Amino acid sequence: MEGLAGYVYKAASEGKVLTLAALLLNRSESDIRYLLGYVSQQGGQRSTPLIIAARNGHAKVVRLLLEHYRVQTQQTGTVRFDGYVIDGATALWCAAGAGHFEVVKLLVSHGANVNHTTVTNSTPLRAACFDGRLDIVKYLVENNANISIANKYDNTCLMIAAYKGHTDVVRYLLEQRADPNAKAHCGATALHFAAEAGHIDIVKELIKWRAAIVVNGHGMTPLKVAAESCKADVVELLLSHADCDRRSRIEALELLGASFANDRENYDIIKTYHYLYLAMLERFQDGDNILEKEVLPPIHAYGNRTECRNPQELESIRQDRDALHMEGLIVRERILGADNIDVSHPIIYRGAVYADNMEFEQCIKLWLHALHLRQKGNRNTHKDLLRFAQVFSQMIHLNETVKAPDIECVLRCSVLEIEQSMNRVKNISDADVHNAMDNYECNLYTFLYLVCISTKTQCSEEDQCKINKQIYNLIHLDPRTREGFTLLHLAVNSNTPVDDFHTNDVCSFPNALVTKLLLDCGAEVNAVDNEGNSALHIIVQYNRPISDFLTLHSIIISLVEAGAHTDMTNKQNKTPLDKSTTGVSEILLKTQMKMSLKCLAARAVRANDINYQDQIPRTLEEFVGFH
Amino acid sequence: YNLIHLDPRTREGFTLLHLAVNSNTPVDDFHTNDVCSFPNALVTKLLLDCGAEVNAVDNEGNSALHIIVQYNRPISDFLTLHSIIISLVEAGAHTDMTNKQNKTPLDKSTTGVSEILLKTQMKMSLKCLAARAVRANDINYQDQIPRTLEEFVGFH
Amino acid sequence: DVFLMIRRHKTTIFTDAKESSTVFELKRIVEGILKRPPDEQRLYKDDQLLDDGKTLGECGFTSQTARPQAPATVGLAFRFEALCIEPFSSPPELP
Amino acid sequence: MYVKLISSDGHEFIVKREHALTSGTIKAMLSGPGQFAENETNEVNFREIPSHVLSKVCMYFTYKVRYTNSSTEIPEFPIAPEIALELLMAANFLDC
Amino acid sequence: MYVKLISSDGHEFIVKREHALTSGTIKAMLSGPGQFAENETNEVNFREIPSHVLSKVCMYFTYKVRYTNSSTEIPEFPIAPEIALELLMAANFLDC
Amino acid sequence: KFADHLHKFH
Amino acid sequence: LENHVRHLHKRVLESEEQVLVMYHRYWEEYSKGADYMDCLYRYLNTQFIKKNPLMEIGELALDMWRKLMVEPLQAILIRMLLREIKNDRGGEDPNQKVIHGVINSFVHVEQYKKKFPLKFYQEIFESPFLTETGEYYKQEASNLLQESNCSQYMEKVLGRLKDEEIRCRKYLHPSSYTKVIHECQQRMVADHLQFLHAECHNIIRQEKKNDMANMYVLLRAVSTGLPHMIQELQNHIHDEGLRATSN
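Residue numbers (my numbering), protein chains in the order written: chain A, 1 to 627; chain B, 1 to 156; chain C, 1 to 95; chain D, 1 to 96; chain E, 1 to 96; chain F, 1 to 10; chain G, 1 to 247.
No lab work stands behind these hints: they were computed from the structure.
Careful, some of the hints might be misleading.
To be verified - No farther apart than 30 angstroms at their CA atoms in a straight line, the calculated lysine-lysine pairs in the DSS-like style are these:
(1) D:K27 - C:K18
(2) A:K456 - G:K50
(3) A:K466 - G:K50
(4) B:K45 - B:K123
Given these sequences and hints, build the entire structure.
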């Protein structure tokens with residue numbers, strides 16, 4: 001039976017104890033075990049009735065199921081979602097995650113697995129501390145809890161509890177022989193999670209329990225990441241602890257001052273200037289043992305400035321904010337080394353701030369430096385290219401000139417990122433193949449928007465040649481979307497999703513200029529989709545042939561001139577005339593169609609199914625292939 | 001421009017533009033037949049540049065558009081035809097104009113290519129709908145509309 | 001593909017909706033434009049109140065009765081106020 | 001996005017921006033020192049066009065932008081004989 | 001103005017030069033060392049094309065010269081099943 | 001404004 | 001318009017040294033005013049001028065600016081436009097906005113011309129500026145040679161070429177981005193081409209990497225510059241191979 005089990009699961013989810021008893025009445029032991037312990041797929045969850053009853057917190061339901069019927073403690077199934085789709089979790093894990101003391105107490109008294117390990121070794125203690133119920137954590141503790149059992153990423157309950165803002169649970173774990181020196185999969189400790197959380201009480205309890213501060217696998221000590229996250233309170237605690245020496249504390253002060261000028265949430269130039277006072281004074285208070293910071297060459301994005309080595313230069317910027325933000329970014333790169341992922345969001349946000357008030361000259365170079373850092377860090381950067389396309393379309397719409405070297409550099413980074421995404425999806429796993437393909441298609445679309453912008457702007461012959469070479473590299477690479485669409489097919493398709501922020505105001509697809517430029521760059525005119533539609537099949541189905549007759553006419557002219565079989569057949573044996581919805585496109589193609597005896601003879605050969613293997617040249621062997 | 005202002009009319013009422021956009025215009029066979037082929041896109045564009053009467057009407061009521069849409073080689077010479085049509089549309093030719101038989105240039109196209117080119121070079125133009133409603137209802141439009149609108153209604 | 005003229009006393013807003021759409025879509029349109037939230041404004045169809053739930057398909061706004069060339073009229077009333085929409089000016093007679 | 005066309009009578013005729021920009025002089029009235037780029041009202045005051053004519057003009061805007069790319073025997077625009085010769089001037093002034 | 005396309009059988013196939021110049025390697029064959037300034041025969045001798053397929057090639061010349069500026073339901077060109085795969089090659093060689 | 005869209009990855 | 005542009009001419013020419021910034025202010029105001037006035041005169045443009053030797057108000061206003069604010073100021077605007085560009089070449093920083101706006105006014109006044117919109121800008125500014133920059137960079141090339149050897153001279157020429165490429169974007173129209181740089185190649189890397197060609201030997205005999213790179217970048221643009229470097233590199237490699245595979 002399936003209906004009775006489904007109704008039992010639904011009643012357990014709803015808490016209908018009378019209905020549950022009615023459904024479970026007059027049932028044998030096998031029937032009792034089948035109705036309680038059957039995995040049902042409801043609401044996106046493959047769960048047993050006991051799992052959904054423990055998750056809902058129904059104490060009466062779970063106690064009836066475990067007392068009168070004695071449901072087994074091996075209720076394994078998929079529970080919850082949003083990064084917590086772990087399968088095989090027992091009812092105790094769900095009860096601890098649900099944050100109901102009565103349910104976990106009843107399950108423990110009934111013999112649930114306290115240290116149960118899931119497919120990702122998710123212990124119930126981790127879920128209990130994630131929910132924040134101290135009583136559940138304790139009740140798990142006295143029932144032979146294993147604090148060594150952690151996630152497969154070496155994430156213990158203490159680390160994830162310190163990540164959240166709950167001091168009571170981390171204090172109870174620390175007094176219950178925790179592991180303050182824990183090391184995660186990335187090398188980060190729970191001290192880093194506490195520092196980025198901004199709760200100084202957790203750090204105080206950790207250092208009271210021999211926290212033993214140390215850098216992570218990447219190389220970011222917790223004081224440094226606390227400084228980067230504008231957590232001044234967390235920074236001003238290790239000085240009281242008195243174990244950060246003098247160079248680490250002063251670079252923490254410098255990074256804190258640099259971060260307050262760039263972080264959007266904690267944007268306050270006053271705090272930046274105050275902590276820069278603190279950094280300068282603590283550097284220049286002794287003289288004999290003066291601590292000096294290194295000098296990096298100036299970066300063209302921030303103008304021409306290398307920190308403020310003389311303090312009087314720092315106090316010379318108390319009347320300005322732009323140079324203060326640039327100095328903060330310079331100091332942030334000097335400390336972080338311009339290699340962590342944390343160096344890109346500040347400069348990107350500064351570029352955005354320069355962009356909202358039409359100061360595009362600084363925004364473009366700031367975002368270009370951020371994009372170069374992202375590319376040199378081997379990080380996904382499709383969003384940065386998308387925002388480049390957006391800002392380029394915005395400044396195009398405002399009738400302001402786009403710098404040709406700027407768009408050339410963006411195109412270079414775009415084709416490099418498309419190569420990176422192509423080789424990433426070449427050997428990607430099934431768990432991430434959909435998102436990898438989505439990123440690849442987003443990179444393709446943003447490349448198309450950039451090419452459309454480059455057609456929109458006016459540049460010299462050298463800049464146009466550079467842009468054409470950058471496009472031709474990708475054209476020779478021959479990128480294909482999940483539907484088999486090449487660059488030409490998307491450039492001639494009206495169904496290409498143009499971004500809604502600013503690109504849709506300028507980049508309109510299909511566009512005659514982008515297709516003409518792609519053909520000049522050597523696009524394969526006779527390409528196919530997965531269903532065989534060439535560029536001509538795609539364009540002839542265009543929805544606005546009257547108002548946009550110029551675009552459709554130019555696309556068809558360019559496609560025919562570059563060489564396109566105007567009677568090529570897709571998998572459904574439909575010529576572009578047979579695929580053309582509008583009569584305007586039909587007659588445009590007929591004007592651009594040249595009668596040929598080779599096509600007529602190939603059509604006759606295909607219709608009569610004459611065997612053309614080795615009887616004709618290979619060129620004809622494919623000519624009848626697509627006719 | 002001097003010859004256009006002189007207002008040349010053939011015995012059939014064909015103006016300079018009508019003869020420039022007509023494939024029926026006789027051509028001498030000695031050496032002009034080897035170069036001078038009518039209709040010509042360059043000739044029509046040059047005439048329209050020098051203030052030619054774009055909506056000129058012959059005795060039969062036809063215009064330059066009514067003549068060019070009748071062109072019977074709309075593929076091999078299509079480009080020329082295409083250019084001429086847009087040239088007329090670039091010179092303000094009224095695509096809804098009716099001759100003495102009340103036939104729009106769509107009705108005188110007798111060709112798919114010319115009809116489609118004309119349709120794509122034609123706007124909705126609420127003025128055309130209002131003028132057609134005025135003409136169909138036989139409303140008097142004398143001294144009650146602008147001076148140009150009187151000729152505009154006279155087109156239909 | 002249903003086109004409407006939502007008519008205030010003198011304001012006549014020209015809107016578009018799908019045939020299979022509910023009243024609350026155009027109510028949100030009126031809220032976003034006229035700045036009157038739907039909890040205080042009621043619409044009418046040819047002197048008959050419309051409820052928040054029923055769709056435009058069976059409300060009487062078929063695609064054959066509310067073409068763009070002649071949209072259907074939807075009344076309005078802001079707070080009760082009855083349908084007292086002022087009509088258009090009388091056209092002059094044929095001369 | 002929703003400009004307000006005001007007739008001579010006082011009949012506000014709120015229509016979408018893309019609908020209203022299909023005409024010439026409504027694009028010109030909303031250009032230059034008539035933009036008011038804060039999307040507050042976008043109000044044009046037609047001191048001469050009557051309400052019964054401006055309503056038909058707005059309906060033409062909607063009808064055109066719906067049937068601009070069809071070219072497949074679009075339905076006729078119903079213009080009453082009384083509105084004609086009064087919609088003709090308002091179509092000349094509001095070019096296209 | 002009348003070339004003489006010889007076949008591999010030996011059949012002379014005198015056709016008007018305008019028709020025969022629609023090919024690629026017949027306009028190219030009558031260009032260069034063979035031009036016939038005396039215009040006496042204009043032999044375009046084909047020692048590879050059979051006669052039964054060169055006849056259909058000439059019929060295609062006439063058919064394409066006739067039905068070129070039509071665009072309205074051109075009649076089909078009746079390629080027999082047996083002559084096809086021999087006329088595909090004979091059209092590839094002559095460039096249609 | 002461009003500052004609003006940055007909250008996604010951060 | 002012709003009695004208002006004349007007023008702006010009387011208010012601009014009277015500025016003895018600041019006619020550039022006065023021209024830029026008046027040109028910005030008048031360009032936006034011409035656009036908005038063409039917007040206002042839409043009925044007269046579409047029902048009177050278009051139907052008829054007449055000129056649309058948007059085109060007429062720019063034409064009345066060309067004939068009354070640029071043609072009488074032709075010998076005075078450029079005489080200090082080139083002076084400000086030269087002062088930029090000497091190290092000073094003129095107002096890039098004003099210079100670029102004044103230079104773009106020449107290409108903007110005839111944006112309504114159908115055939116050659118840039119004919120005015122080319123005949124009034126681009127050719128005098130090309131002559132001026134040819135003279136200036138010929139003088140610079142003559143000055144660098146007498147005080148610097150080829151190793152320093154090629155680096156100085158590359159720096160000047162980069163500075164002229166950057167400076168050309170700041171002021172001039174994009175269409176003259178090439179000529180202005182190309183004409184300043186054929187004064188300092190091609191007028192002294194033989195000089196470089198008289199020394200490539202040494203540059204390749206000692207395999208001076210910086211000098212070889214600079215010389216290749218310099219001679220690539222010149223039509224007949226590269227082949228001597230190619231032949232002499234071949235000679236050097238041949239002599240190196242003979243000296244390496246004969247003992």
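Structure-based check of all given hints:
Only pairs whose Cα atoms come within 30 angstroms are accepted, and D:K27 paired with C:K18 is accepted, the gap being roughly 28 angstroms. Annotation: proposed proximity of A:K456 to G:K50 holds, straight-line Cα distance about 29 angstroms (limit 30 angstroms). Using a Cα cut-off of 30 angstroms, the hinted pair A:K466 and G:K50 is violated, with the two alpha carbons roughly 42 angstroms apart. For the given pair, B:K45 sits about 21 angstroms from B:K123 by alpha-carbon distance, which is consistent with the 30 angstroms threshold.
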